[PDB]
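K.L.:
The residues making up each chain are set out below.
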Amino acid sequence: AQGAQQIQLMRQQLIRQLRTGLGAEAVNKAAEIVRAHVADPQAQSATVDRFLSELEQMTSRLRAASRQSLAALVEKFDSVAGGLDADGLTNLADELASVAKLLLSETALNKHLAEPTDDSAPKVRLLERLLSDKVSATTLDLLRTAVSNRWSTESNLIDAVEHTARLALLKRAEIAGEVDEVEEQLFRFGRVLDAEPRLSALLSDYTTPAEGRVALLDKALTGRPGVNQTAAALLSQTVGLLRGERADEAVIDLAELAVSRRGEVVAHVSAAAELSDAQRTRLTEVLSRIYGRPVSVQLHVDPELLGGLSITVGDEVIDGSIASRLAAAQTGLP
Amino acid sequence: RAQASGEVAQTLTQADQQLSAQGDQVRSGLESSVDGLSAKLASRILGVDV
Amino acid sequence: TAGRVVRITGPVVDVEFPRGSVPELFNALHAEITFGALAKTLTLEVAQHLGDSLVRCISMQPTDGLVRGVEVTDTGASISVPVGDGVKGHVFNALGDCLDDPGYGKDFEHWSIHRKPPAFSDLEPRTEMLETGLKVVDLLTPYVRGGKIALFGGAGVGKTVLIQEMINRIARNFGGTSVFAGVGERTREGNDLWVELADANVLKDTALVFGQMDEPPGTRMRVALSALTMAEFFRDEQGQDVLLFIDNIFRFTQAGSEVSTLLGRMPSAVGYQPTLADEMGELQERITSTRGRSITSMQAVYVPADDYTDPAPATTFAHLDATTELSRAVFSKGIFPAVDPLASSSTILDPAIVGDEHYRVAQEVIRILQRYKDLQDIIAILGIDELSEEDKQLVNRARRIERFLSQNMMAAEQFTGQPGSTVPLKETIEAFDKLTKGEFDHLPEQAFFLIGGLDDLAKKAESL
Amino acid sequence: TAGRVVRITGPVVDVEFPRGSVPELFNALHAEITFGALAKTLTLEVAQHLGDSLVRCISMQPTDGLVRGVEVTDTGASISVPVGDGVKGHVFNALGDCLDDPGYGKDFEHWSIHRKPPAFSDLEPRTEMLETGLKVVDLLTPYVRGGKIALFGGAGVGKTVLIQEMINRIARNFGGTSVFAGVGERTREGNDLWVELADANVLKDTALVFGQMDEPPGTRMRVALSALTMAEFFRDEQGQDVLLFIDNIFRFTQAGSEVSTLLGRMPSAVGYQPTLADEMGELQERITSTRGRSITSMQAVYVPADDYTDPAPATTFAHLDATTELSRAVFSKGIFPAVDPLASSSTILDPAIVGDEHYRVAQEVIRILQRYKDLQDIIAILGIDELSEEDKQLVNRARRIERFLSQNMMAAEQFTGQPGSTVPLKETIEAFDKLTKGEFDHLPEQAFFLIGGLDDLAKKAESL
Amino acid sequence: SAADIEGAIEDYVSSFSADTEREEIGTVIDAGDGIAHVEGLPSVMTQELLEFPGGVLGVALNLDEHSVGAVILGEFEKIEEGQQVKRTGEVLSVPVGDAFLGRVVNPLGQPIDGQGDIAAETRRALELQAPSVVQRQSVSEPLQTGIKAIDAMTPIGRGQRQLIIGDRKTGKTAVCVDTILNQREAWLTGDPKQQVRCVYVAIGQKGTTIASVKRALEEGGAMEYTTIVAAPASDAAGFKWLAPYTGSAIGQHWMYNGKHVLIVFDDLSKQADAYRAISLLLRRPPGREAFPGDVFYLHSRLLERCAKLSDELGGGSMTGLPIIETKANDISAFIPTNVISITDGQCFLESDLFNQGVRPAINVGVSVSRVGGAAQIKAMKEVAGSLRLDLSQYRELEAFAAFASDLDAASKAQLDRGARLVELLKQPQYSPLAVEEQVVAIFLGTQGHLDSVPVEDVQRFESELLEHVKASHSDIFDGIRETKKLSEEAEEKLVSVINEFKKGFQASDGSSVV
Amino acid sequence: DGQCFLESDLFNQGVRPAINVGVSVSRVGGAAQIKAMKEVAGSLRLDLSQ
Ligand SMILES: Nc1ncnc2c1ncn2[C@@H]1O[C@H](COP(=O)(O)OP(=O)(O)OP(=O)(O)O)[C@@H](O)[C@H]1O
Ligand SMILES: [Mg+2]
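Protein chains in written order, with the deposited numbering: chain d, 100 to 157, 169 to 444; chain b, 115 to 164; chain D, 8 to 471; chain F, 8 to 471; chain A, 7 to 520; chain C, 350 to 399.
Keep in mind the hints are simulated off the structure, nothing from the lab.
Every residue, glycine too, gets a C-beta built ideally from N, C-alpha and C.
Hints may contain errors.
[To be verified] With a Cα cut of at most 27 Å, we get these calculated DSS-like pairs of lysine-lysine:
{"hint": "1", "chain 1": "F", "residue 1": "444", "chain 2": "A", "residue 2": "432"}
{"hint": "2", "chain 1": "A", "residue 1": "84", "chain 2": "F", "residue 2": "123"}
{"hint": "3", "chain 1": "A", "residue 1": "84", "chain 2": "F", "residue 2": "399"}
{"hint": "4", "chain 1": "F", "residue 1": "467", "chain 2": "C", "residue 2": "387"}
{"hint": "5", "chain 1": "D", "residue 1": "380", "chain 2": "A", "residue 2": "418"}
{"hint": "6", "chain 1": "A", "residue 1": "84", "chain 2": "D", "residue 2": "340"}
[What the hints assert, rightly or not] Anything over 12 Å on all C-beta distances counts as not near chain D; from chain d, calculated:
{"hint": "7", "residue": "105"}
{"hint": "8", "residue": "107"}
{"hint": "9", "residue": "109"}
{"hint": "10", "residue": "123"}
{"hint": "11", "residue": "139"}
{"hint": "12", "residue": "142"}
{"hint": "13", "residue": "188"}
{"hint": "14", "residue": "258"}
{"hint": "15", "residue": "273"}
{"hint": "16", "residue": "320"}
{"hint": "17", "residue": "440"}
So here's chain d without its partners, still in its complex pose:
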């Protein structure tokens, strides 16, 4: 009876392995057919349109103390920048970046300024006596607010001031009217950096003088005639205060902050080919509906997807890419 079974189960195993082979061959043939079909631009655009139709039917790393301190500091920047003009914002940002560099260079100064205390009067007095005459008056209010609130750790203080130094430039772009252009630009610099790993690595001021890194950036990246002034200034500020964070991730995070200021969240989109502004419009509206907030779309075009779009925002992803569907079909086979 045991032998009988063993032969019956051998027959069933033959059935299963023949089915596995048939499924593998069918998957290969279907993949070839779909890749050939999607090769035509009309078919690829049709797949993207269906993807869109289907979709239609659908500071965080800071600890509590640093979180609250940065929230209060940004509140301040709002009022302080509510009065300054473009030149005022530029001066504020430059002076904030300079004081951030000073803090980074002198480790002892950082510690004792960042060290929490019930009364901040000694820290405020230190900041006054060390920077009151050197920098503009409006910078003093922001720096006093920074050194007054208790930060979780010393390093956070730097992340505070640099953050403000960034916001100023963004506010400039907001008043000058290039807020979207500067963000788009940042994104373009992002991938640029992603395309040159050696350039990103050599830009680590944590290993070489910051001025040399900025000179390398100017000779390599910001020297292009068409670069917006705000984007170049933001990137120069970031690279000059990089402090070990990879320049790539730094600039992508800078673009994320640029879009966040405007209250929108950027969704990274990958596709076999760009898909017309028609696409952008419909896709942007659909994503905004799904996520209940205005959204920006960045196209990471790549032929690997072989069809529809793959979208990622925050920790969530919409994956209707044809490649993902091939993978699902292959895995789901017996």
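Once you have looked at the hints, place chains b, D, F, A and C with the ligands on chain d.
P.N.:
Same frame as chain d, now just chains b, D, F, A and C with the ligands:
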């Protein structure tokens, strides 16, 4: 016991041979049906008629 | 004001609160697990303040299914257990939730399970004796009113029957109550105890608090304190003498060690928590007589590796005032309460506390029953006839002495039908003084089995 | 694309790679040391992905001379070793570099040292006895053909002498192929094995892979896997019967423990790595035979501190069909091969497999030896005369049996001077049947010492 | 035949659908030694199943504000930095149903025996709450293990947790396999209130050993009601950690459906090692013997699933037989102490007894079953009541076997009775005895009918007698199994048969027993 | 390759150099001895252990 084991072994060998032959025989029609199966699978992973 | 779960590391959960609303230590916080299969309301007990508004908590319930960022609501008070006459006749878990009637007791008065023991000035300076009415306990191992009694034993030695006996006696002699703290209680044994008490009709006089083994270490560590809070309410508020059983206290110590390991504390001694003595004192020293009422306690203690020098027993025994050891030898010979008269010991059995006559009689009984044990080897190997006339007298007297230590226990009323016997201490002393002198050695051995006192012994003699 | 050495700490080297080219786990990377006498090409094996595009690797050769920032290239494949009939008759190291003929195998088929074990569907139990010619092994712990055998022992009790003897007994007349993995053993023993195999002309059918203890930890971890990969090629790609000798398989886990802390793992039990069981299983399950293709593995296991309760031997015990346990207690008496007759065990020793006369004789021998290990203390303190007549005669039988289980092994003529001997299984089982029945109780004890069989027993008895 | 083959692939093609839905993705930021740290997955829940790109699986076992430490359930070599981790959204769950009988499954329920897939009736999460105190019932139904020693002295009742504790190669797996085999006579009855379904969780065992256990069950016909949850040593620590819980879940499905289950674990010593490895790799603080703080919680949560449910919950039961391997017979080690505290009874199998010829080496006296006589049928209880006292007295007197000439008549009688009772409790491997035959054997022993047989022959006598009673006087066995008691009407007949047979027996020395 | 285990008990007993014959061993053995000493002392260590 020994006869049961010997009979089981002989039938296992015969069944192995016969089932292997039957499987490669049926694999012939498998390769015919593969075309339609792959066409329909493509028309699924694409979401529209191929 | 509500916090968020930032870390889940096994039963340990870190909760981040706003700057000015961090819960104080040992507060009970509630978190929600909303996964369909494992839906629960976790009760976390704040163990530490890690700084920056983070509080490390030991989940009293399994954290399988908890999600980071889930809201945690602070109750503002330590784990609170229900207290009252209404908690008698029911079984609760360490958190004060009823198990045989869910939703029961949520309207009762609730008491924090963390409370300091009686003020030094309120402690009784004299160790009074708890006359239970059992011959063996009253004579050889007198229990200390408000003290802690080790209860060694096991299965098939009548430990549960003795627990029923003490529940009945504290309920019907002292007019008191019992609280059974099942620390590390096997669920099967918990249910068996529940049904056994229900059948004996003593559940109405007992409040059961089971911290089961399957529960995480936190509840096993806090169940003793919950039961002790119920006992403290019965003592201070209702003015009742309370008898608090703990089975097993070594499992309280083990739960403390596990919690200490989870929170990252370096183990001491043999791997036990550094705060072993402090925890054990906070548990035991609340078991004391104060203002006239007293929480007596019988604690089943497990000695690991049979090593009385192991820190767990070495710390438990600093608080225990008596020891009762049930044996399978004595049990097999038909002697209930099954107390081994010689292994068992009591620290109040000195003439300073007990009467001088009491000490003399007890020591004579111990001397006889020790000779008899020495002669048992001769009896079992070379026969009784190998002994001398004096030895054989001594053996015949010791047989009757050890059989007279048996008693028609109150808990047997459910089986044998005959009422239980409560012999006054004086009568026991006189009976054993007569029995050691040989004044009753002419009676048959059967006249002493399960007989409650001296007049009862006559009447089982004239009946024989 | 190439990486960059960021951190060097003994045999562990950290390499930072560009974001898009982090090597996969267990891939082989190449670095270069340029200093004079230590100049070489350093093979690294990725052990962990530390994040931030860093990997942490174990060095196969010593890292002495390696410099921070040196270029590291990824090979794109795990460390590969040559396979084929061409590996027979030659000596290899962990990386597959031939020693006796450098550059010999650089054109052979190369197989990854890392592969999954055979699927459970393919594993069938082995129950065919392997007659070795040794009395103790063939009687008490018979070995399994196609199964797994181990030679446990403490530091220096004769594991290497016995493993060489077993090579001489099984492999010398073996029709298939043999593979010897010198995993962290002494180099002199390896060279002696090489010369001995060359002299007997067995080398042509043997492949030797040496990772001797002069080499750093990583190569000691991977030499076992390399030799096992050659054995797997012979098992699967050629369907040939294979003998897989290993000495000493403990060195695999010892090297893992050596690099465990550097690689960032917290330590477990007595200084061992947490992944001890996982690594040992991943290596051992590969040594199993599958249906229709056999590997007779016989691997020496070193017992640290002569403590059989140590985690490494304890874990190894589960992966074994036959276990010959050497002990220093027996070795101190002179009873070569130092096998503890009792602790040593075998799965095939059942009445259904080895017979019903073999089983009875072996079990009676075990009974006699266990009784004489419980009487040894009494004999040492009280005296042999104080024993019963039956126990005295049993003690005589037991001493004679212990001395008869000793044997003058062929590969231990440098120990005893006299030549070796093979006792056929049937003759052993009759010899011991006679001994357990007192047929030889009159001969002196020394007649049974280091004597190979009944005829030699008679010769030595006549000599004395 | 060809109709079926493509039938299926075609069916896949069709039922297949283009799933497109929001999913939370993390990224592996660190991988090593079976642990992968995943940045992201904010909505991940503790002990959730995460799926990595290569079809790999892991369990989100640590959750910090930075990353999610997941233990990888095999195929760890395929994990890399930067790979996407996709959360399944469900805690660990295993398929369960009647289709797992006769199958060998890995802790995830996926078959590894090479046969067809398993028709899963339902899925049960590995962490469902154990039955409460109110949902249980007093253990009162025997679970005949077929071992005279266990069934007579340390009985197991359906719903009990009987630990089998012993050193290596002492008879633990043998005892459990004998227990599993002994349930075939109950299985063939077809009555769910008598059938016992078995689950054999193999942890850290070499593949060939699990195959040997499977062959032992199959030759004895026990595989048609037994399921093996095999986590061989090759599998990652995650499988060795989950295998007991996968066995408990498979058993629990039957338990809550009114069936009676027996769950064996060889060995919890290896599951604890796997959990220790996972915890230390995850950097959880270590305690005694480097074990994490919640190892006792691990084993208790596992074993408290075993229970007998009240009739309101169908009256099913699950009986655990955990196996733990002590080292140097140190029952005081951490894991042995934990399991001894958790379990309702212990069977201490010692190597010294095993070598002395006592098999299955159960050290009577130290081995206890807290359930006690409530787990025995009336006949076995009545016959074996004297057995424990007799064996204790024998162990006291064994030092006198040398100079028995000077012993009392009663003492020598006790010594001789014990010397034959100990032989009576011996038993060959894979030879379980039905409850009635055990009753008859202990009746031979305790009533003194063996006092005339030489000690050397008891084992044979007991056998040649039982067989005889099975062949020519099967009425006694029928009465015992049908009424559960050995009445006087049957006791007199049994004694008559014993005396009739004793005449026909030839002791090994040639003497005559009458 | 060996061990010459010197034991204090033997040293006090007057056995100097105090080599514990049993535990001590030399795995090179006779190969490290001239033929004469190999012949005279072939079994000396095992004889002394016994
Ligand atoms: N009752 C018995 N009678 C005779 N031999 C037995 C008996 N029980 C077990 N054995 C034998 O004892 C040896 C060990 O048995 P078993 O397989 O049960 O080991 P174990 O104690 O579970 O140990 P492990 O799994 O660690 O190897 C095997 O040879 C088995 O055949
Ligand atoms: Mg086993």
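K.L.:
Is residue 107 of chain d truly not at the interface, in the sense that its beta carbon sits beyond 12 Å from all beta carbons of chain D?
P.N.:
For residue 107 of chain d, whose nearest Cβ neighbour in chain D is about 37 Å away, the distance exceeds 12 Å, so it holds.
K.L.:
Compute the least Cβ-Cβ separation between residue 273 of chain d and chain D, then decide whether it is above 12 Å.
P.N.:
holds (19 Å)
K.L.:
Is the hinted pair residue 84 of chain A and residue 340 of chain D satisfied, with a Cα-Cα distance of at most 27 Å?
P.N.:
violated (67 Å)
K.L.:
For residue 139 of chain d, is the shortest CB-to-CB distance to chain D above 12 Å, so the non-interface label stands?
P.N.:
It holds; residue 139 of chain d is separated from chain D by about 46 Å at its closest Cβ, greater than 12 Å.
K.L.:
Sort out whether residue 399 of chain F lies within 27 Å of residue 84 of chain A, counting only the CA atoms.
P.N.:
violated (65 Å)
K.L.:
A cut-off of 12 Å on Cβ-Cβ distance, and residue 320 of chain d was said to be off the interface with chain D. Does that hold?
P.N.:
The claim stands: residue 320 of chain d keeps its Cβ more than 12 Å from every Cβ of chain D (closest is about 31 Å).
K.L.:
May I ask you to check that residue 123 of chain d keeps its beta-carbon over 12 Å from the closest beta-carbon of chain D?
P.N.:
Non-interface label on residue 123 of chain d holds, nearest chain D Cβ at 36 Å vs cutoff 12 Å.
K.L.:
Holds or violated: residue 467 of chain F and residue 387 of chain C, Cα atoms, limit 27 Å.
P.N.:
holds (21 Å)
K.L.:
Confirm or reject: residue 440 of chain d is not an interface residue toward chain D, with every Cβ-Cβ distance exceeding 12 Å.
P.N.:
It holds; residue 440 of chain d is separated from chain D by about 31 Å at its closest Cβ, greater than 12 Å.
K.L.:
Next pair to validate is residue 380 of chain D with residue 418 of chain A; report whether the Cα-Cα distance is within 27 Å.
P.N.:
holds (21 Å)
K.L.:
Closest CB-CB distance from residue 105 of chain d to chain D, is it above 12 Å?
P.N.:
Label holds. Min Cβ-Cβ 39 Å, cutoff 12 Å.
K.L.:
Residue 444 of chain F and residue 432 of chain A: Cα distance at most 27 Å?
P.N.:
holds (23 Å)
Violated hints, listed in ascending order, are 3, 6; each of the other numbered hints is respected by the structure.
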